[PDB]
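Engineer: So the chains spell out like this:
Number of protein chains: 2
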Amino acid sequence: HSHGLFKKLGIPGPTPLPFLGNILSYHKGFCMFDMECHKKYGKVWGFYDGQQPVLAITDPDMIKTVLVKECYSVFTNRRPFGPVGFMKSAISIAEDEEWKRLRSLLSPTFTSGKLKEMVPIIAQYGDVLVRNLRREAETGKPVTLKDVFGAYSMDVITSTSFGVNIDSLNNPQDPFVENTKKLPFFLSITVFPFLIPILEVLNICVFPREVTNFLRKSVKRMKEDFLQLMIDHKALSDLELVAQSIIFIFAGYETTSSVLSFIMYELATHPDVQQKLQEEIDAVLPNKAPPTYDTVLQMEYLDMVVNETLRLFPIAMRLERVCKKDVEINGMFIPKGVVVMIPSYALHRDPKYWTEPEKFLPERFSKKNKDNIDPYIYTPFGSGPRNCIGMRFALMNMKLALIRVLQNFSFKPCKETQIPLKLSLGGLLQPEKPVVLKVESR
Amino acid sequence: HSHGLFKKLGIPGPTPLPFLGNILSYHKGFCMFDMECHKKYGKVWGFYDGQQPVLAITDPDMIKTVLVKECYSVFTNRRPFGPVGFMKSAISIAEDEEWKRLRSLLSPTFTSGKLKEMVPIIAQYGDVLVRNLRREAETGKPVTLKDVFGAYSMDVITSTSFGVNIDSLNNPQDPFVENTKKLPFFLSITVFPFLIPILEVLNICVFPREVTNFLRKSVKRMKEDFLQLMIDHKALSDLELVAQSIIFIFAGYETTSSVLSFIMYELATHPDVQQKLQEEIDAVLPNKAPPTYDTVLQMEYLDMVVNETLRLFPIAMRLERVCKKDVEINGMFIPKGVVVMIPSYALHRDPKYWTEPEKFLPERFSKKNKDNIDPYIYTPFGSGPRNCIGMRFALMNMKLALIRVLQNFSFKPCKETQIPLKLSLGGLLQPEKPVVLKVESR
Ligand code: HEM
Ligand code: HEM
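Here the protein sequences come in this chain order: A and A'. A prime marks a further copy of an entry chain.
In terms of PDB author numbering, the first sequence is residues 28 to 210, 218 to 258, 270 to 277, 287 to 496.
In terms of PDB author numbering, the second sequence is residues 28 to 210, 218 to 258, 270 to 277, 287 to 496.
Extracted from the complex, chain A is given alone in its bound form:
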């Protein structure tokens, strides 16, 4: 029974229930649970995911110790979760020297240079995006952003990772769109993690095996974008190749479509921001010119908008590292096996660092005020050697979509639209109700 651990270390925290730990307190969302705990306990506090002790830390210096300085030595790995199957080879799930190998093997794939060659191809789908939107916009009818954005981000990730060029909203039949489209239980495997090994020997996997096979076969026909870069330490393997691609599609799809939805909601409810953004796009790109790599990096306000949205909606919600060994960081003892958690969502809406945390104010990120922003408070992409390897790609992909979408259209709230936007209470950062706006042509 490890439920005495925090009270044995003098660390405050909500009293756990037996077996359950604190998970019942997730009933309002664990983001709301983190903020509440931050408010009532201060800088450090402990709670239990079933029998798993989790130490929340909010000190910026502690966060850097954990994310940067002591990462290879102590805090290398995320929380084991599963059942996972062959996806244990995925970089985001791999541990210690295996993760190190995959990070070293995958780093050159996510440089500025490979992104600059990807901008022309991902631009092709900005243009389909505008057409499908123009259609759903000419309907005069409120549009579901997650359906045109979910089609776009889909369209992008497949061609950048396998070169397959499809319009998911209009060729909804290509087996590659089919397979890729397919991708309550979480609640249970946190209070019953002793059951993960059972699901593992039963071939049970949270990733649909029905699909996975399709991919490993699609890789072999390509064996003679992301796939080539990997095909072209010790070298990667065939099945390893597939696990990494699967992680990329998940990352490319649900993050991008969700964030874009969040962006457009903020732009619709702040018309002045939307206009100012469009004026910047129109000045850098006269007469609806084609977005390019070098152009995107000149749009400061566009950058300020994405950053402030990511402040309000950091889709990772929490960063986590498992403590591999007894250690004493910044003046407190962390025992082996505790999960150290950085509550980014709560840190991004903390009044200690943010005046009016709940308002959407891109100027917090202006060249004037950006300097006052602590990189271990504001961590939408994490930090240290295990940060979001696709951060530059994600921002380019979102920005290229935003540019082309705003060059052609404006976004107003509908009688439908949920204002204020509410967040889903699940385990993913997404709107409760889908975002829908009036889209007018410029």
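If you're looking for bench data, these hints aren't it; they were derived computationally from the structure.
Everything hinted at is true.
Same chains, same label: a pair holds when it works inside one copy or across any pair of copies.
Restricting the straight-line Cα-Cα distance to at most 27 Å, the calculated cross-link-like pairs of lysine-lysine (DSSO-like) are:
id: 1; residue 1: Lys34; residue 2: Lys254
id: 2; residue 1: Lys35; residue 2: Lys91
id: 3; residue 1: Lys96; residue 2: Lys379
id: 4; residue 1: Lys379; residue 2: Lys127
id: 5; residue 1: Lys35; residue 2: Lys115
id: 6; residue 1: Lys257; residue 2: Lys35
Add chain A' with the ligands to chain A, keeping to what the hints say.
Structural biologist: Structure of chain A' with the ligands alone, referenced to chain A:
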């Protein structure tokens, strides 16, 4: 499915069955399974304990790489087994830096110096041993060695680890003898290791919890022999103290009584060895003199006898290390998570290194022939930084018993006695039928 692993590495081995792996081949004893595999596959071979791949290695240079050179870096830990509970803190079960701490904290307790202070107290029980034996011997009746030896080794371990002086064969009521005396399922948790975490969260433990409590309480009344040495890196803890003692009693009891039984069986079936041993004891210790520390270390033949018995009956049977990371030792790749196993029993009865391996011949260990004996073939106490920490104590304890027993008695086979001795087919090196001999007074 990891059942293709060995055939994927080019490593021969018996074809596994699904889920079961090779465990059905344990039906004749896994010692017999190791010898058979050694005979049909050669120096290296792989098999599966359910889904756990095990690589058997017999090359002396490979064995040293695994046991000595690469121990801290790769092969630090034994196979996880359980459910274990608080006994995960026991040194023999602990892993990586925790094991390192306990090994460093326990090493000074097992020196020559602490043994020399223990010889007088453990001598007191050689004398009870002779009395209870004399009684069971004056019965004229065949004697069950494991009952007088099991009482002695019991009597020794309790006073050397808690100072409690009892005659287990005649004060069979003292709560300390009671509790300590109390200490099919193995078959199941090797083909269902995915069930160990379940038994863990159910407080289920292979070590009777009914007992364990008694001990941790007996430690606190002593908190104000082994216990003091520990009470008297980072310092040890109270519960940690108890887990280590429990390991010592298991080690002190079943190893010593079993080996002594094996010894006396060999001495009874080789009267010339027994006599020659008694002549040595009588010359070093005239007129049934008291065995002492310095005296024991002068009895070369006594030493040769124990060593040859340990060759025939190495109670550990196998040494094991888990491979912590992909490595390539002595010209072959070992993947992470494989259990590397040294089949000591089979290596001790291999004709490559042993002329007439099945005969009991103490002269193999004579100062003449001892030099030709490879320390990575003959490994009754293992090797490297994780070897048997109580080896010197075990040999002294056995030898002091043997000396006093042979000074007073001789041991002949009975109509009962099982000749040839057969080995139990369980998971412990012990006689099938208990050893019983005629014991005559000298
Ligand atoms: C707005 C979009 C995205 C955001 C906000 C985001 C954020 C994050 C965060 C916060 C982490 C954990 C970092 C940490 O623990 O310190 C992470 C990990 C990761 N991200 Fe992203 N991500 C995004 C999109 C992407 C995309 C599009 C890809 C690839 C196509 C990607 C690839 C990864 C990988 C592979 C990891 C695990 C890295 C490792 O363990 O070495 N991400 N991301
Ligand atoms: C004839 C008697 C004994 C024999 C043949 C024996 C043999 C062994 C062997 C073969 C190992 C594993 C070594 C390896 O993996 O390299 C071992 C481990 C160990 N032995 Fe013994 N043993 C005996 C008695 C004892 C006694 C009496 C004690 C203590 C009271 C003891 C304490 C230990 C411990 C604590 C370990 C685990 C060490 C670690 O993991 O650091 N042994 N023993």
